[PDB]
Amino acid sequence: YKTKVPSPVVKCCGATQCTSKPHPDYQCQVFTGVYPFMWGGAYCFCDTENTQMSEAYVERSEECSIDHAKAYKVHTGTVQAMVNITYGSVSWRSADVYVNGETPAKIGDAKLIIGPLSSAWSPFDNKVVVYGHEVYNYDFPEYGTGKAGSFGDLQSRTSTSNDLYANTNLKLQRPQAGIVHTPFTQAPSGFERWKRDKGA
Amino acid sequence: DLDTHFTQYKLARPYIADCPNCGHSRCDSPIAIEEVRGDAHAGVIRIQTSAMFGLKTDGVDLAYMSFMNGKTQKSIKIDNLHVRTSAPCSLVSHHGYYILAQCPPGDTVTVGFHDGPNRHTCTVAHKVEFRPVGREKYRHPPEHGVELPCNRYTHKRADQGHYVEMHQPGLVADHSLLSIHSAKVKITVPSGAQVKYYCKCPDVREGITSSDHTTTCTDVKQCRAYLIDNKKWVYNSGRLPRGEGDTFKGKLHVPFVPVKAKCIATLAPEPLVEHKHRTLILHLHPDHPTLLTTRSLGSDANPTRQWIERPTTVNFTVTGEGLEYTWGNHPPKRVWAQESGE
Amino acid sequence: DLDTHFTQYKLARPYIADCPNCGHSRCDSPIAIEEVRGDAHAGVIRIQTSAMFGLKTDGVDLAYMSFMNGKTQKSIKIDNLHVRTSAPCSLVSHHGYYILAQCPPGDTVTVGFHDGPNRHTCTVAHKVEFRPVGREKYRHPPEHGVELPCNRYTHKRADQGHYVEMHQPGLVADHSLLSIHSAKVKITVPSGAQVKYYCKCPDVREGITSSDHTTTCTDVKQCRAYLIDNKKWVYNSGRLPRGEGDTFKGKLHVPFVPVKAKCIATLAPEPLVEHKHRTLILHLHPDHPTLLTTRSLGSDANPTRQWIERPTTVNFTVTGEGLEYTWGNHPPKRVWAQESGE
Amino acid sequence: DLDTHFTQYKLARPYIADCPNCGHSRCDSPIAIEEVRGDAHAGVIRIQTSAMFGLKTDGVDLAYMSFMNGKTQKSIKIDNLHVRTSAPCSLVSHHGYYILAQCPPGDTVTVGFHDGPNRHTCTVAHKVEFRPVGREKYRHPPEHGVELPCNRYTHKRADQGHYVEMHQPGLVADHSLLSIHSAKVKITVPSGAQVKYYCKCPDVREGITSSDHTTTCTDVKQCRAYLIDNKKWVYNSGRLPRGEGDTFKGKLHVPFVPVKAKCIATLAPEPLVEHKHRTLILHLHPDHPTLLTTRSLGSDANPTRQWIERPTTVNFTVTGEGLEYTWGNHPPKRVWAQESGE
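Residue numbers (full-length UniProt numbering), protein chains in the order written: chain A, 852 to 1051; chain B, 325 to 666; chain C, 325 to 666; chain D, 325 to 666.
Accuracy of the hints is not assured; some may be wrong.
Claimed, not checked - Listed next, with one range per pair, are the computed distances between beta-carbon atoms:
{"no.": "1", "chain 1": "C", "residue 1": "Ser503", "chain 2": "B", "residue 2": "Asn393", "range": "34 to 44 Å"}
{"no.": "2", "chain 1": "C", "residue 1": "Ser500", "chain 2": "B", "residue 2": "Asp382", "range": "56 to 66 Å"}
{"no.": "3", "chain 1": "B", "residue 1": "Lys573", "chain 2": "C", "residue 2": "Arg602", "range": "51 to 61 Å"}
{"no.": "4", "chain 1": "B", "residue 1": "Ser515", "chain 2": "C", "residue 2": "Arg463", "range": "43 to 53 Å"}
{"no.": "5", "chain 1": "C", "residue 1": "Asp543", "chain 2": "B", "residue 2": "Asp403", "range": "23 to 33 Å"}
{"no.": "6", "chain 1": "B", "residue 1": "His609", "chain 2": "D", "residue 2": "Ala625", "range": "29 to 39 Å"}
{"no.": "7", "chain 1": "D", "residue 1": "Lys555", "chain 2": "B", "residue 2": "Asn393", "range": "51 to 61 Å"}
{"no.": "8", "chain 1": "D", "residue 1": "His348", "chain 2": "C", "residue 2": "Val488", "range": "46 to 56 Å"}
{"no.": "9", "chain 1": "D", "residue 1": "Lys555", "chain 2": "C", "residue 2": "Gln546", "range": "30 to 40 Å"}
Stated by the list, open to error - Chain D is faced by these chain C residues, among others (derived, beta-carbon under 8 Å):
{"no.": "10", "residue": "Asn345"}
{"no.": "11", "residue": "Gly347"}
{"no.": "12", "residue": "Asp352"}
{"no.": "13", "residue": "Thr432"}
{"no.": "14", "residue": "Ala449"}
{"no.": "15", "residue": "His450"}
{"no.": "16", "residue": "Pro655"}
{"no.": "17", "residue": "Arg658"}
Hint data in this document are derived by calculation from the structure and do not stem from the laboratory. Ideal Cβ placement from N, Cα and C applies to all residues, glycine included.
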């Protein structure tokens, strides 16, 4: 994730009710009882009616585009090969072929039909996570569900997808002792772990 | 072409926020550190100060230095920047509010320049590490070794891969304004800026004015010293008070995108291969903790994983068809162990 | 009111003692560090230099700087103080011989100002830590969390809660005195101070004088260059030679009393409560090592304790009557687990 | 007598090599660090910069500073040297290419001065530790304790105990030479130095000349900008290109020999001896990890070893004839345990 906090509201004398904006995991909680020191000491002249509305939503990191795990539901598909035959006196063909037992590949001069192979062990499991080059046959929980801290706390369909699922357990707390800031209490990602408490 | 991101430069100002342990304690530093990102691999962190260094107020020289002093900027030279952590970091580049710097690991992050009269630093908590990409768990990038696809931030500015919202500032306090008109509390204005004013007593209730007086109240400590000065937008820090009026425009890029650089990267010393009957003894002796692992290529995989930092003679029951062997990010080996028992 | 502790100021001088690893090795620094106290919680250490910074020699400005150079003081500006440890500390306040400074943990303590021509520092061993008060074992105070009763030293000086004995100095060496009277070794005096003198040979045997000569001996290296200069008392450092005459007066306060401040303090992230049949599964995920513990409220207590820093799903066989649960210094929870097995 | 090692001074130059993580990345710093030696005990490391600080180019003042800027030296003041590691080190002394500095432990080593316009540092990986000699495993030398035979480097220069080969430099690149003669690429010379020249095209093929032109090629990027400038030898760094001609002379000493200094050294707090029947209970409480060990003086030795850092009440079945006891480098004790069971 990146808790890209929108800048909180500070009403000086009285309440500012928050609304549940549609941002992913839009955590927002009104707070009173502040006295926000901002560059001149405090600035709101009340002392309890000083209101502070903190809001924070979850958003894809900039690394999400590039450094990102990637789940998959994996079926069986169809296997391939760049079969060389330095045939007979032909002495050469290096052709890409299939396995399904009626496909020819007339590259060179020979027509060749391969498979289907009997050894249907797809080393990929049904559910797979993928990361850069290291591929993990992991039972990823699902889109839309991943427990915060666990893998897939952020779950975006793709990189472009503005919608997502962010169970991060993002819980705002009130800022301390009349100062402007935004306590965001949050699990570091299940993408942070899964990079150093992962599987092989 | 340092003149291609006047999106930020002209239109954004050096924001000032509340640093958490600003030398003594919580000050309000212009270089207040938000969004520490020790998430790459190359010894690098991308940081945002609330201060917008780069060009000056107007038009010149990335390598100058504009923070906020007063309500005002101070667009001057960068002379003695210091990012640091457990050790002093190395700057990489600055653009906008944002700096990239090569740091070691550190429990915290600790930033600061030197204006010249004062140290005037800012410091923050953030868990930092630098694993290099590879099965070697170094603490630091070497001079040599294989290159392989790390995650890392750029040197450059000509960058659009993302953009963060940067709309207006809210007001700010400035009780330097609220002087006294020899019996009454006297507000003034920066340059005709919009000062939002009233006191606990009943007097002028909005304040959109030049320098006003205050008929009713007298004490400076019961009045609204405010600066609606939204001629330049800001970063939308959590340590910003909202500009209550509107979501003004000011969508503004990020320079330091995470990119797929191939870091100059790790390599673990070669193994000592030793033969036995369908068995690899391997006296082994790394530089750093190295994740070794294998794959007995039977349909029985029987793999193994163990980080090795302490030199260790290990063993591997190799089968008839083969095994493979991965001494860190050194490439994977392979081995025929047919018979040797005659 | 910086003018309420002329007990120390007028009457105490900046003492000079033997620093143990004074940059190179054992020098005699005026800022020789004794009584390091990393015994509070708030990132703070109270230190005593043998140097008495604060007001000047006479009457003004706590923020000036009087150490001993020569037999003499040098009551000038504090410009570039540096306390430090594993990292550079943060000064909190100075009063008298004594400084309070916010430090991180460190195996040692390492102090030093900059006179301007020279670094002139002093360093020492002392085991330092900062546990915050709470069942969270942080390494550093956060910005937020609950407040609770820590132990900590004050900012202030108007302080009498304790006082340490501060009687006279003993003599000190000063062989700058023992010049040569063109064949004889020649002692002088600071200002009419009391110079205690004789040589290995037989000549003047006490020395309570103005500038004397030496009839008998010749070599500077066999004579008593002493300064009984007890116009200003000192701290009773272990690195002081006794003033053999008497226990003179000079009972003198300590500024930095340990007080019952409520530190801005720790807080561990909330737990994930999960139900089972008379059993709390708790997937748990802290920031720092957190001492969790419980009390099965039967007359069978059956408590549990474990510091948790690694995130861990735990379990608790809750009974019929109840259990309580203490996620760090977060307040204690309580739970009805009657049946759930239908 | 700073004038006894003109072996190096007159005849060696400040070499420049390729620093590995020179702030940003691999630069070519004159202070390029080779041969880090964290092999002594006294908190000290002997380092070689490729830069030869010490006297100037000609004859004066060890405490000045000559590195290479350009093809040229810059023999000026040392003002703001910084060796550092995990923490900032303390300089001990420099002589020639070589500096001794008191450092703490550190995963790396990180060196750098300040010319004045620029930081201009150099950094390197090297595993550093400082065990003091003794059965106490401190992290740092104390002020007190017993003295015992450590290994350590000298302060001094009047040193011949070893000498390293220091023959010539090879050539170096300098494309500042290869200017343009308004259509042709134009080489020049430093002072009549020997410039080794040709381009990918066919033109002058050796180059032992004053300022030549280039008839054939035009592009600066396809020519041999070389400086055979072997008027002053160098250190034989691995980051040197060979001077292909010959093994010239220039055998040159090392200042900082490892010597058998008795470090001011460790000492562990005394034990609490407690009697039992042929048994030593010992409540024990060290400062640091202390290797305790014993020798039951029977021909049955039955010794024991255990590093103790955590305070521990231990036990020792003492026999009739005796046992001995070694609380760290505190001297060995001995004990009669005859009967006590009456």
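* What hint numbers does the structure not satisfy? -> 1, 5, 9, 12, 15, 16, 17
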